[PDB]
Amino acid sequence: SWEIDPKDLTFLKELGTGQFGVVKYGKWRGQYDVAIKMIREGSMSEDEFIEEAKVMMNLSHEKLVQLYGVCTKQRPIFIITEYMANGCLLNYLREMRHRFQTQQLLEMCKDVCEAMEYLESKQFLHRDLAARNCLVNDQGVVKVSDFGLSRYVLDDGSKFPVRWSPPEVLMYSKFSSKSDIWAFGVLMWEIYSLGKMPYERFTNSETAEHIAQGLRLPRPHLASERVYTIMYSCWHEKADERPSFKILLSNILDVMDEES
């Protein structure tokens, strides 16, 4: 299967602490550069996680973080992925030294929209889409990661992911691809806001109340009326009125072509 021999891994440097444990940079078989995420003990429903992991291993798309294998015959569990040099997109946006161009911001939205259109086509829900869960490689390409892992988190008022959730999730936990749509719109807002906190002046519970009342994030300065109309369309009250990732990608492609 997708089992990797942990004895063929080398830990050269700890890149930081992510969701479900620490992440290392090392070599696989002394040939390939990889990132090894060590699942912290007691942070996930490991049995359910290992099975579904095999399903996620078969998901293949350029804009999804490439999964190489796992190390489940031991503890802590190891996840071997490709090394994204520029790390977390959120910290990447909050790096003013990069001086992102508007065209680059739209390119980052398209990268994420490609992966979500693929996940949508396979009927796989991410359920925690946000800049913090996206990664960037040396070439500046954004890729989606941690898709579908919140299902196996072990919880140990309103929590932080409320700021990326539509009303039906806040009130009923009715997760669907349409709730990924909403979250993607907030992701576009983070991008064009260069990592700004959504609803920065509000607590989690207050954000939930304002969302249920119809409050929407404002138009970022770096976003044109055309771009803001796309991210704003992810925020229709009725889940069935929100466009699919097919339409979102189609819209983003149209704007990019006009800017060509």
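Residue numbers count along the first chain shown, from 1. C-alpha atoms forming the largest set that superposes within 1.5 Å between two forms make up the rigid core. What changes on going to the form deposited in another entry:
Relative to the superposed core, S43 shifts its CA atom by 2 Å or more between these two forms. Annotation for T72: C-alpha shift of 2 angstroms or more between these two forms, rigid core superposed. Remark: with the core as the superposition reference, the CA shift of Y199 between these two forms stays below 2 Å.
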Given for the second form:
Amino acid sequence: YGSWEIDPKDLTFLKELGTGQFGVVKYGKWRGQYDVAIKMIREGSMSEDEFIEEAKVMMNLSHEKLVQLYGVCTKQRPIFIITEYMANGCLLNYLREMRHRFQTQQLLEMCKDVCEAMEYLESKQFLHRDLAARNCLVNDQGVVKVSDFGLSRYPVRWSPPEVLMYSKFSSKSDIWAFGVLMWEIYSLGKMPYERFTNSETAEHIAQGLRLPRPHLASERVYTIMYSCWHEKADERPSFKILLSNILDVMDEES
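Switching conditions: you have the form deposited in one PDB entry, so give me the form deposited in another entry.
Excluded here are partners and other molecules; the one chain stands alone.
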């Protein structure tokens, strides 16, 4: 893959952070000077072609609020993926572990960080398959960033109208999820619809039920997350507009 291929002997496995479906992440050090995260992909988790597309996306996309790629080790099995290390780890556990210790003005900065990354992927026609607090990482300075792994891109004469319409306004799925994310941040890791099941939630949202307003979220902040929860997808805002609305509130409140 060129310069992206790194030397394995320069790595050093030290600790374990977690395990996923497409491998296991392990904490290490690059040349014993910088902290990095290393993911060990399983032999049969993904196909060859699937890795070329996934990799091709990680090298061509770059944003300050996206998990930076340090390199990969495709010259061995299992293959590695070296990236920057996030000291604080997951955002969900971060909101619950360090709960109510950061003031409200910091909560909105977390939404801005995620909105900045999504706005970038939006400009590149990329969709987050699972946008939620559990899929966001926090670094030492409290910056929230999303990942590039597992991203998506965006029969005509045999497909129904429901499929055609979705193929043109599918980007609005990441907007609804983002709205529920702000709810998780301002609720400090509260699970959406705690008093409802999966079947219930699907029925309540269909009837118009929306998440309450976090007590730590101002009435204007609620307008942002609530703007993302519009029945008509085309009536929902874009990540560029949401970023402007978030920045607008930050200036008026801070």
